[PDB]
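Asks: Spelled out from the first residue to the last, the chains are:
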Amino acid sequence: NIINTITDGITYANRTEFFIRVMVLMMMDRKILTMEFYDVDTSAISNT
Amino acid sequence: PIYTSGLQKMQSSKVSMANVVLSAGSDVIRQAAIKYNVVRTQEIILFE
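These protein sequence lines map, in sequence, to chains A and H.
Using the numbering used here, read the first sequence as starting at 1 and increasing by one per residue.
Using the numbering used here, read the second sequence as starting at 1 and increasing by one per residue.
By construction, these hints were calculated from the structure, which means they are not laboratory data.
You can trust all of the hints, since none of them are fake.
For each label pair, taking beta carbons as the anchor points, the in silico distance ranges come out as:
(1) A:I32 - H:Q42: 51 to 59 Å
(2) H:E48 - A:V24: 17 to 25 Å
(3) H:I34 - A:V22: 52 to 60 Å
(4) A:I3 - H:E43: 16 to 24 Å
(5) H:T41 - A:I32: 55 to 63 Å
Yeah, the Cβ is synthetic: ideal placement off N, Cα and C, and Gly gets one too.
Take the sequences, apply the hints, and build the full model.
Replies: Following this line, the structure appears as structure tokens:
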């Protein structure tokens with residue numbers, strides 16, 4: 001129910017309205033990422 | 001019914017008694033029955 005369709009199934013209209021919802025979400029959702037950190041050694045670590 | 005070799009028993013305009021009769025048997029009135037299967041190809045509305 002954003003796009004009426006003459007069928008009782010899982011037709012394309014599902015994919016379409018799914019697009020619509022996530023699109024209007026990403027229109028909104030202004031977020032800023034902030035975070036703290038640990039501090040570890042670097043000589044006692046295998047990967048560089 | 002024709003005669004023995006005469007023309008026809010409906011031309012002489014003279015009645016006869018002993019001509020020949022068809023007969024059927026017990027059950028010659030079996031009503032008949034047919035049946036059909038229907039399935040349609042293209043609906044009226046359609047297409048996701």
